[PDB]
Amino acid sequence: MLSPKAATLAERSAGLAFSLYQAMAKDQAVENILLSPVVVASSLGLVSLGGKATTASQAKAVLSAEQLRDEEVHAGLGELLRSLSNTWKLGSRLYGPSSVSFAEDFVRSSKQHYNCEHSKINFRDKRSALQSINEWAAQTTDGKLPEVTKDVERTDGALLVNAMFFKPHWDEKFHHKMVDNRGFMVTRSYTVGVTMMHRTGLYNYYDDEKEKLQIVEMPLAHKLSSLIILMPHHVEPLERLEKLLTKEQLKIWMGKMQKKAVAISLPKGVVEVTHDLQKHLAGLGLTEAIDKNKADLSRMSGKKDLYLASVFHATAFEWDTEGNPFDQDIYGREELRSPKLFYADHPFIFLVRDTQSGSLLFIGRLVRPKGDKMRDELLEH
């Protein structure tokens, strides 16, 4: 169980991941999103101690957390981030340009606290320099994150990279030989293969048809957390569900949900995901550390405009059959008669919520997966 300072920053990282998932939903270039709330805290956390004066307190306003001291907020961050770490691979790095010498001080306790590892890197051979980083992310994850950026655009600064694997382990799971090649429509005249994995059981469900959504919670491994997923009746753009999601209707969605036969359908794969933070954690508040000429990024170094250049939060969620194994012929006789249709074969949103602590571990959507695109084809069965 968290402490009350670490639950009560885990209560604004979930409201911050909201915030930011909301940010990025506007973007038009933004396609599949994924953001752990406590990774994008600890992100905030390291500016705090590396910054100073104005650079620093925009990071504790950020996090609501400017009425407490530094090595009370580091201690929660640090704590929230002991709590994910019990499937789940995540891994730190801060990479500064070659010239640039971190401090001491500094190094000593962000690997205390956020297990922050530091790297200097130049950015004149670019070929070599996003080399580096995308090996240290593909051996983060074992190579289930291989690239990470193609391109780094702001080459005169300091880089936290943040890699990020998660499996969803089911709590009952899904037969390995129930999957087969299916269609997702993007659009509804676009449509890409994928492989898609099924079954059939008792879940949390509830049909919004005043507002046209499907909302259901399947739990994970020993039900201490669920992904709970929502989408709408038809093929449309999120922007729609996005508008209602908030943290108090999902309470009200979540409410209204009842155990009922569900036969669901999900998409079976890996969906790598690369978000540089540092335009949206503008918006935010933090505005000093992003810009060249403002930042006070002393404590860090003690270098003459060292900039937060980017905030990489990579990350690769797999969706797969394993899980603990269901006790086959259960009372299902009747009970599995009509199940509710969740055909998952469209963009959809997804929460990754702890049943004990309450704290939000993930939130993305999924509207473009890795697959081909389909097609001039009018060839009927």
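Positions refer to the first chain, counted from 1. Rigid core here is just the name for the largest C-alpha set that superposes within 1.5 Å across the two forms. First, how it differs from the form deposited with the partner chain bound.
The one residue among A61, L341, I330, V30 whose Cα position changes by 2 Å or more between the two forms, with the core held fixed by superposition, is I330.
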Second form
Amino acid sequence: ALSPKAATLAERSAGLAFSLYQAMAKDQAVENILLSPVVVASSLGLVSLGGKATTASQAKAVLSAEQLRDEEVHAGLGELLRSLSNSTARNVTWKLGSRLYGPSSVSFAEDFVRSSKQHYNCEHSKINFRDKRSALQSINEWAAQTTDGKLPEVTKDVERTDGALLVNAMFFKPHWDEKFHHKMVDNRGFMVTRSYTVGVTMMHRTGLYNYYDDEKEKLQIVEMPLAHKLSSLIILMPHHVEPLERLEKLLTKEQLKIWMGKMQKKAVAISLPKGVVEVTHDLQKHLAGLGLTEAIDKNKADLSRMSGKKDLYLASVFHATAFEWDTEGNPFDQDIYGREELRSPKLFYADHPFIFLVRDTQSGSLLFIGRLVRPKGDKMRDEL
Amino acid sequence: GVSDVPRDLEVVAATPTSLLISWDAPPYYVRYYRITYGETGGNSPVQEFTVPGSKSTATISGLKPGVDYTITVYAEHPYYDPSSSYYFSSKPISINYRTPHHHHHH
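Moving on from the form deposited without the partner chain, kindly provide the form deposited with the partner chain bound as a structure.
Now the full complex is given, and it begins with the chain already shown.
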């Protein structure tokens, strides 16, 4: 199980991920959201490790680890990263890579390279950000090799070319405890808004799931266990198509606990969009909004432990994830469909935007928080 | 929140002895649509047939002219394997329609 330092940091990581989620959901430009709390926290841990003066202390202040010692933060976050890339079942796919990109004229210090490699598995690369064809090719091919071609592009441009670029590339594919049949797929319209529909493939299956329908709050919540019940994917969706804002404001650590406590084991006929969703965020402006103001400023940053460059700052924090919704999962006994408790299933038809979370059931840690607003596909049109 | 029921069931074209009907898919995979029809009010059991779930239209043949019929459409949803006998039915959608006495042309 997690040590006391790693358990409190897991709780703080989830709090931080809810805070970034809410700030990004308010930004009307953002459509899909996908955050991994341990990756967001390890990005602040890297700033603490490579920083001095208020640059490193502001990073510790966001993780509320000002009581903990410097090495206790790196050991605690180091323990969390290893525990999630090991405790998640063998059939559940989770690929993660972290790379710090600096300009060509930058030498990273041996101690920083050694500890960032030990605790965060951080890789280091030197790059001419101004030659954008070469710089983008290097970043995107590294992210594609990290994720086995699932995330082929982190970004289409490098906005700030005079500092460090932290890039986190991920691929997560939930493997269900009870698989969907690969032939129960059809083409449906996913309603992004009440007036914008996109053509998607949907996968369907019925089973016994922890479920709650709140008629007062017009929402449904279902918990879908992943392989061997060591983690679960929780989906929260309004009854009808609507902007997720009303439900996102209700969603808190305390309210998710009440909703999970109200879930009951019921027959649920689930339909989900099937495919890969590529979500990339540059968290630089959002991390500044939560306390990390000095690291992101060209003049005030102090990343001297990272490199003696001076004037080197955190220009970007890319959080790039390919999340695959697929039918693959473990086999199960189909005699369940002849039992009384499955005579009349309730429906969880996810044909419109929904919020989702991936939780580790062994430690209670939050692995992912996000929303699916725009799946991949073309706008549907029948009568013109 | 969102009923398991097909929608917009309507008669597209009618003849004295036939009806061409159309509907919109309910939520969740449909393997077959079960269409039932019978005389409105009459204590005679309803006749039924299926059409594949990839279709949204059906023809009801062998009807009597100038008779009121109740037409009902259900969707047969598989629990897991689409080629298995384990399925549950959706809620029904129904309409009442009188067949014409004569054909449009003499």
